[PDB]
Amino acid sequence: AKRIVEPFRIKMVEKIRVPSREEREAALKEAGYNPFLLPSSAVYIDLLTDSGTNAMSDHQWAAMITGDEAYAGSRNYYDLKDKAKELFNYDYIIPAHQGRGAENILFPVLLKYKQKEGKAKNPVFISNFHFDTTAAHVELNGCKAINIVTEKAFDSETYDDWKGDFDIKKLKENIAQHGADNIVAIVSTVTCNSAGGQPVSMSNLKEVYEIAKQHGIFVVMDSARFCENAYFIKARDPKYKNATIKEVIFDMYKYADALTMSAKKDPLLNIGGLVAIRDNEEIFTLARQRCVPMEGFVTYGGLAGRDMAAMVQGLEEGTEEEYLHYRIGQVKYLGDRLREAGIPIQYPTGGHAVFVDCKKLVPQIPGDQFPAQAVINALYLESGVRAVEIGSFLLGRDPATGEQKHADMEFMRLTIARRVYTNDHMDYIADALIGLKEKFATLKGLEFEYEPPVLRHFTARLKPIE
């Protein structure tokens, strides 16, 4: 395990504290054994998500101070539009308040556009792996979300360079089955969050886009972690060994038609989202027509002007290779600490989190009883670290049948905010989970007390089994 020093020093700190065991126990049962329902005051180190918890730089706070709060035509909107042209070569932007705001703007528009000629009678979206809000927006619009990640992602301890890849064979199988007239869009998620933050190769992106263009299928790049994906391409694709990160990104986005981005991840924000379209002006116009009632006027999209200003600056800092090297290396450092102690993880670690394989850690719990959630709850009670489940709990049920969706992966996700915790916090996380080696065998699954019908895991309340 190699500690990689920070390419920055600390400018402002925020106090954290360890609540007592009795605090955690009470807090956990008040939360219905769902850490999502814990107040942050009951949490020590928060690894629930890497979304919106990032530490910004002094340059980003300075851009916020001068942000233009105008309702129409803010200076920062044109800065953002120029930045998107520079980074992605895309000519149209619509800001959004966050990632799922951007999907709410763009996915219904693509559905209605697909349906112009009486097509898309049984519409589907295809992705390497739709994430929760992305899949929810697909199914909310009467569509069907189809995930075709390479099965190399299901073998956690076996190394592979691109565990986020599409399965090209499955892609052509699904185009054959559903027909090109039913494929509303192909969504390229970079990195692929559900597979463990794993990168997608340039040739995979290129091949998917080529196949999509042969059949006239629109391609949207889900871009929340595009910079981490770009680093992995440079690190592992020998054709880009000597390319800058911005060069890698520029090429990535030749293989999509639009992007939806949660700017709360790689652009180092606490809020903010973005739709960008390469050249299709009709889609842009219709998406502006939906942005207005749903998010806000087209030049702020539900963002304060200061947040668009932070986004312009963050979109630069997120691409800096020295920062990416440290950030991705801190995640690798945590994973190696765990792997060197026998804890099974998705190998190699992704860009933003360590995914602990709980199928192997607590095999006496079936997936329908949420084995990873039992490990998470145990970790919290022994240390105050809050982590999140990426398995059967999160996958939800099938909108057609109503039964549990088959989860090929039961992960506890140790999600790392950008520039927030040190390697010594990592050591704390590792040692607390490593110290649980004995308790794992005697952990009990969990049963629903209250299940919402869409995105259940966010607000569900659970009870142990026996």
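In this text, the rigid core denotes the largest set of C-alpha atoms whose superposition between the two forms falls within 1.5 Å. Numbering follows the first chain given and starts at 1. What changes on going to the form deposited in another entry:
- Looking at CA displacements between these two forms with the core superposed, a shift of 2 Å or more is confined, among 396, 348, 384, 302, to 396.
- Relative to the superposed core, residue 247 undergoes a Cα shift smaller than 2 Å between these two forms.
- Annotation: Cα of residue 23 displaced by less than 2 Å between these two forms, core superposition.
- Put the two forms on the same core and the Cα of residue 409 is off by 2 Å or more between these two forms.
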Contents of the next structure:
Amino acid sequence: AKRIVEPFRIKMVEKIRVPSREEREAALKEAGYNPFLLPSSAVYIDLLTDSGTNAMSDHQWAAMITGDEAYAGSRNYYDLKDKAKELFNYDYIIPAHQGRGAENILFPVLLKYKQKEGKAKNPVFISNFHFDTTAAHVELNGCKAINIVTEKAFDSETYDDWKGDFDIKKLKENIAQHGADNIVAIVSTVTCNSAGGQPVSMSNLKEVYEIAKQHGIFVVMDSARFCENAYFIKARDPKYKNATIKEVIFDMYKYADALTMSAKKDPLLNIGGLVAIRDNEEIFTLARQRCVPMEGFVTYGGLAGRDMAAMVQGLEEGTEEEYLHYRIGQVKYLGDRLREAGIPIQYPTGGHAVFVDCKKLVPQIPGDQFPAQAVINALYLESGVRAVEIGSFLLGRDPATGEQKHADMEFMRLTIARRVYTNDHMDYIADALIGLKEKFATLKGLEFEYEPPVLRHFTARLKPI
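Mind sharing the form deposited in another entry? What's above is the form deposited in one PDB entry.
Chain only, nothing else included.
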């Protein structure tokens, strides 16, 4: 396992504490054995997500201080528009308060646009893998969300360079089965979050786009982690070996017609989103009409002018290679410490998180007793570290039978915020999990106390068996 040194130094700290074992026990109980309900004051290292918890630089804070709060025509709106043109070569932007706000603005518009023509009678969206909010917006607008990530993604321990790739065969099959008239859009998720933050190669992006253009399908690049994706392209694709990260990004965006982006990820913010449209003025116009009632006036889109200013600077900092090398090498370091100790993970590690296969750690716990959640709860009780479940607890029940939907993998996600934790915090997390090796055998499994009909993952209360 190799530690990579920060290409920055610390300028401001925030105190963190390890609550006592007694305090953690009381807190977990109070939270109904569901870490999502814990107050942040009961957490030492928080690995719930890499969304909006990042540390900004002094230049981002400085940009906030001088941000223009004007209701219309903020200076920072124009700077953001120029930044999006510089990075992606896209001519239109609509700021949004966060990624799911950008989805909310654009997706209904793309459906309406396909329907206007008389098409989209049985509308679907196709993606390598739809993130949870993205799929939620697809479904709320009456469409079907289809995921066709390569099957190499489901082979956890086997190394592959590009586990976020679309399965091209399945794409062609879906187009023939549903008809191009029913495909509202293809959503290319970079990096492919739900497959473990695995990169999509340039040639796969290009082939997907070429096919889409042969059938007139609109392509949207879900870009929360577009920089981590570009780093991996540069690291693993010989063709981009000597290219700068911005060159890679520039080529990637040749293969989409628009982007939706959570700026809470790669652009190193605490809040913020964006819609950028390459050149379709009609889509831009319609998306602006929806922006007004849902997010805000079109030159701020539900953000303070200081957050647009921070976004402009964060977009530049998120592309820097020295930073990306360190950031992703840190996630790899954590992954390697775990792997070297016999803990099974998705390998290789993606850009922002390490996924631990809990099935192999607790064979005695059946899917429906949430084995990944039992590991997470033990980790919490043992170290004050908060991780999140990507398994059968999250998957939920089959609506037709009302039975626990079958979960192929029982993952614990160790999600890492950008520029917040050092490699010694990474060692603390790895030692806590390795240390549970002889406790895994005795873990019991959990039951429901209160099971909500929807979004159970977030508020269900549980109890050990």
